[PDB]
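Chain by chain, the residues run as shown.
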Amino acid sequence: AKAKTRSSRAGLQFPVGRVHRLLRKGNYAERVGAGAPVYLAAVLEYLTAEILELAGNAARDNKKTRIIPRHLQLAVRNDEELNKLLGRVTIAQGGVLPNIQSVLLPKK
Amino acid sequence: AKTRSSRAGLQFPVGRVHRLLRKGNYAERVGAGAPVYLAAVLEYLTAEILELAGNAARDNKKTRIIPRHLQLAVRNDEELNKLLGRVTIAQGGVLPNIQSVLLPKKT
Amino acid sequence: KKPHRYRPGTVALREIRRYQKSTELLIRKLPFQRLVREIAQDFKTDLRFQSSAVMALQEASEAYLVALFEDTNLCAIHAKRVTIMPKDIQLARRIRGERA
Amino acid sequence: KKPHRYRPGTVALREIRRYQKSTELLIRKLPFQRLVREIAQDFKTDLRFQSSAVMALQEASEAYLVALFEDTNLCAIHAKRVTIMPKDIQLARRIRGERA
Amino acid sequence: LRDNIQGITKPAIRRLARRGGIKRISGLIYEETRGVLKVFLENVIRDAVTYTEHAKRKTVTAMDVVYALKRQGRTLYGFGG
Amino acid sequence: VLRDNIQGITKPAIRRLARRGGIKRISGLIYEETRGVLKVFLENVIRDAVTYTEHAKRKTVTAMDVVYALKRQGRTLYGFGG
Amino acid sequence: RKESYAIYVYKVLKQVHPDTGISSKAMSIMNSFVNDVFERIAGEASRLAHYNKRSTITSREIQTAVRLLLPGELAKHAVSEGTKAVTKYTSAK
Amino acid sequence: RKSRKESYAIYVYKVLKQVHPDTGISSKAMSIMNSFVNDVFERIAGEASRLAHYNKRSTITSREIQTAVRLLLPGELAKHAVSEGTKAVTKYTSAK
DNA sequence: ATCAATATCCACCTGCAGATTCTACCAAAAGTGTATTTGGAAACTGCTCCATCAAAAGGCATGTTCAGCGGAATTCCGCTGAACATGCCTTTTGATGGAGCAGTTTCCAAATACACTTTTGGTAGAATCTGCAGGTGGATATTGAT
DNA sequence: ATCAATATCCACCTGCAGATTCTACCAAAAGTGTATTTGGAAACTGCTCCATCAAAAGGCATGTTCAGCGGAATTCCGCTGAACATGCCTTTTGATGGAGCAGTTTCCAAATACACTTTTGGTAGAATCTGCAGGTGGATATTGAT
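Chains as they are written, first to last, in PDB author numbering: chain G, 1012 to 1119; chain C, 814 to 920; chain A, 436 to 535; chain E, 636 to 735; chain B, 22 to 102; chain F, 221 to 302; chain D, 1230 to 1322; chain H, 1427 to 1522.
Errors might be hidden in some of the hints.
[To be verified] Okay, derived cross-link-like pairs now, SDA-like style, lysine to any residue, Cα gap no bigger than 20 Å in a straight line:
id, chain 1, residue 1, chain 2, residue 2
1, C, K874, E, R653
2, C, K874, C, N889
3, E, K656, F, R245
4, G, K1095, H, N1464
5, B, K91, H, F1467
6, B, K91, D, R1276
7, F, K291, F, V270
8, B, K91, B, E63
9, A, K456, A, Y499
10, B, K31, B, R45
11, G, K1095, G, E1064
12, H, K1454, G, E1061
13, D, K1254, D, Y1239
14, E, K722, E, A702
15, B, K59, B, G94
16, A, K464, G, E1061
17, H, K1505, H, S1453
18, G, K1074, H, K1443
19, C, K836, D, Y1239
20, C, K836, C, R817
21, A, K522, E, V717
22, E, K656, C, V907
23, A, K515, A, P443
24, D, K1317, D, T1287
25, D, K1254, C, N873
26, B, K91, H, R1469
27, D, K1317, C, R817
28, F, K259, F, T271
Hints are computed from structural coordinates only; laboratory data are not their basis.
Sequences are here, hints too, so could you generate the full structure?
Structure below.
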């Protein structure tokens, strides 16, 4: 059928039609250009890829194949930028990074 | 023809506030009671801060409220202080406050 | 027999290692649920709670406290101690703006 | 017998009362402006500035620094000192979340 | 024989402390912590309940809690939104 | 060619700020630290301000640009139009 | 033509302190203050409405916004003046 | 008549397999990703909204989404987000 | 405690810039008055999923002992505060050219607004499938005592 | 250094809770084609205000000297938190009615949308006015040496 989704056109996995729909209805402005949702979906997809890429490694590192919350937390807090971007975000069931103030370590 | 402000018994502009709400794109629609209520609240708050800034002016033997007076009034009131907890009033200074351990002598 | 005893701090260190590894909630659920409901009762009566709503609140509170314990430790260490105290939590909250 | 000298700390307290009592900016106006134009310039060239834009940055900057010193002072006093040091400033910024 | 905030026990407060990297704890910390936890919950719950009553419900939903957390600048991932 | 202006933030000015800040005694290393802290504060506010300028396709940084940038950073400023 | 709340701030000023004036810088801060709280309340109402699949902001969302945003006593009094003003505006055309 | 509940889950997953073909993800992790996407969406959209208002515009275009991104994301993350976004808008525009 | 060197306090005073005072223009508001559209309150209802009660489960309260940490006391060195001489650079009052922001008209490429057609992501219920958390065993590193 | 007591690892095992693949029913999207509308850039330009060069001058930065006392290092000891084994009461797990959370239907007060008419908050500009900063003197502390 000759009806190709805007996502396929922009060559993205994320749903352009939806991001567009969500912008209009979020009362962000009177009008919304046609490229805004494309651009925006492209940016949402990329960040999603960045985190899954790192959370995935964190999983391999624990000899695990399924990403769990812990993995997303290890991924985000070990990455300076993602860490800043999510500086005020709490990932449920993520724990903290193993870290012990040196002065508290036993006197070897 | 009465202004909507007078019908509500307010000094603040009901028509203007109702207008700013629409232009600010906060929702598809804006009920008529919304701007009336919001202008009342805005007006009430400026009355509280001016009530307090005016006293501070009086306390500093002045007749014209200046920024320092607004700052004194805000920082000295727990609630306004909180509401403006992350606000900076230009030319307002800080409240005089020296930590005890910094004072001399011993009693 | 050979009354084995670990020196002060060794098990504690062992515990930090363990808990920084895991992610389970550390407060018992029921007691926490009771506290939440009791505090809510002051804002509105006869309220019900989705299971998920209490879990969200517990996840949020523990993450908040664990982080406050982090800055607190930093305040103790700043004062050359290894023992956290109230003055430490109080200083941390004051600088966080939850204080002067 | 002849010279008169205030003891260390008396003029400092005199000064705190003096400055806590007023509101004028404490950094020299022009030098502050050159600093703004330098930092700005090394971000984007050929930029002009409304004078009030420079004044708004100075007002924000001084309020930020004054509030930071308060926090620092509390960190020094926490360590049983009256002299603020770099590490006090670092502790305060770490807890404020500027390097936490 | 039962006060709720005391239900948040010392052993639990100690485990939390541990996750935060704490090695030695002063006795006065346990009571101090409860007090902080209580202020935390009141601030969050109050906002959630306000979102509950606005929606005319009698049940606090995870979303009412998530929205309250977001307002307090304590954004939480995992429970919707 | 502006070069080392961070030094215009004189030792006496940093000291006055510490006074309003209620500070009685200052270590010798405080001055360079403070300058470092101010440069970063300024870089961040100017970066965002200048970004609002360019988005508006202007060549002049306005007070609103600075006010909007400050608000982004949670340092809302009253007095200059916002 | 740039609008401002000045005449209104001034009116209210004369009601609470008949013989006090205000410098322009202070009025500038007052104007910032009104716009600030205004945006804060509306933003709050905006989200409140969306969270409830509502396309309309009424006196009711403005009220919750006020309860969500303002500290204890100030909320209590703003809500009263708010309710009061709406009821009065209602009783007339 | 049980009303829908949209989510980015299927797209998150699609993206997962391109990056880690043999990796899975648990429900709780998916919910977090979903929260992550809605959060950035709101932050970016919200900022673009203000940008327009400041400049008295009624329209949010890719221009606003771009500046929004520069103001929101940290350096390198913003660099790639900008290029990815520009890439998609380009590829889109150049297609019947 | 008495006393001299200084800073603070403060009511009196007057040039000035910043504020209050018209006068007029007035177009963009804000209001009045039909016509047309619709959101969401309200009543009714079905199915979750939440509060409750019971029983099997495992973490916490409690008292003892003493290691070691925190803080009091003492000490000394050197760094930071005060005071002072010297002189420059900020600040101040002014004018000038022109960059560039902003007002105004002009008009098209892009967006909204239905109406129609097709695709699809979410839901429900059923069956199938699997990553991995604990459970065991045995090796070995860690820690604390002599 | 030398065991002895424990904690920690690692390789392997397997049962099931939660992930997956399956299929269909479908309302809500999302794409598409047509008609209508309009935001906002391009273009011309009036005009605010930014950059800048100028000059006079004293407020304020700089740099030095000197020594008061704060920081920090060390010693030391009373005490309070850590570890631990003892004993059990509270939490947790799994099963069952019912309250509300929502999904539907309905309809009415209320919110566009549009056309005029009317009131007004800006403001450009002039003229008048007033609070107060800031200069002065001298009366009331505050400090610090003795």
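Going down the list of hints, with the structure as the test:
Taking the CA atoms of C:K874 and E:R653, the gap is about 18 Å. The hint holds against a cut of 20 Å. Proximity of C:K874 to C:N889 is assessed by CA-CA distance (about 18 Å); at most 20 Å being required, the pair is judged to hold. Taking the CA atoms of E:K656 and F:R245, the gap is near 19 Å; set against the 20 Å cutoff, the hint holds. With a CA separation close to 17 Å, the supplied pair G:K1095 and H:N1464 stays within the 20 Å bound.
Only pairs whose Cα atoms come within 20 Å are accepted, and B:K91 paired with H:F1467 is accepted, the gap being roughly 15 Å. The suggested pairing of B:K91 with D:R1276 holds, with an alpha-carbon distance near 11 Å, which does not exceed 20 Å. For a cut-off of 20 Å, the pair hint linking F:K291 to F:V270 stands: about 14 Å separates their Cα positions. With a C-alpha separation of about 15 Å, the suggested pairing of B:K91 with B:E63 holds against the 20 Å cut-off.
With a C-alpha separation of about 18 Å, the suggested pair A:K456 and A:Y499 falls inside the 20 Å cut-off, and the hint holds. Distance restraint check for B:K31 and B:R45: the Cα-Cα separation of roughly 13 Å lies within the 20 Å cut-off, and the hinted pair is therefore satisfied. Proposed proximity of G:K1095 and G:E1064 is supported: the alpha carbons are some 18 Å apart, at most 20 Å. Taking the CA atoms of H:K1454 and G:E1061, the gap is near 19 Å; set against the 20 Å cutoff, the hint holds.
Pair hint D:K1254 plus D:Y1239 holds up; C-alpha atoms about 13 Å apart against a cutoff of 20 Å. A distance of roughly 16 Å separates the Cα atoms of E:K722 and E:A702; the hinted pair therefore holds under the 20 Å criterion. A hinted pair counts as satisfied when its Cα atoms are at most 20 Å apart, and B:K59 with B:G94 qualifies at roughly 18 Å. Only pairs whose Cα atoms come within 20 Å are accepted, and A:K464 paired with G:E1061 is rejected, the gap being roughly 35 Å.
This hinted pair does not check out: H:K1505 and H:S1453 have alpha carbons roughly 31 Å apart, beyond 20 Å. With a C-alpha separation of about 18 Å, the suggested pairing of G:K1074 with H:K1443 holds against the 20 Å cut-off. As the CA atoms of C:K836 and D:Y1239 are separated by approximately 25 Å, the hinted pair breaks the 20 Å bound. Restraint check: the Cα-Cα separation between C:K836 and C:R817 comes to about 19 Å, which is no more than 20 Å; the hinted pair holds.
For the given pair, A:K522 sits about 17 Å from E:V717 by alpha-carbon distance, which is consistent with the 20 Å threshold. Between E:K656 and C:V907 the alpha-carbon distance is near 8 Å, which keeps this suggested pair within the 20 Å criterion. A hinted pair counts as satisfied when its Cα atoms are at most 20 Å apart, and A:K515 with A:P443 qualifies at roughly 18 Å. For the given pair, D:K1317 sits about 16 Å from D:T1287 by alpha-carbon distance, which is consistent with the 20 Å threshold.
Only pairs whose Cα atoms come within 20 Å are accepted, and D:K1254 paired with C:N873 is accepted, the gap being roughly 18 Å. Restraint check for B:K91 and H:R1469: satisfied, since their Cα atoms lie roughly 12 Å apart, inside the 20 Å limit. For the proposed pair D:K1317 and C:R817, the alpha carbon gap of about 11 Å is at most 20 Å, so the pair holds. Between the alpha carbons of F:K259 and F:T271 the distance comes to roughly 18 Å, so the proposed pair stays at or under 20 Å and holds.
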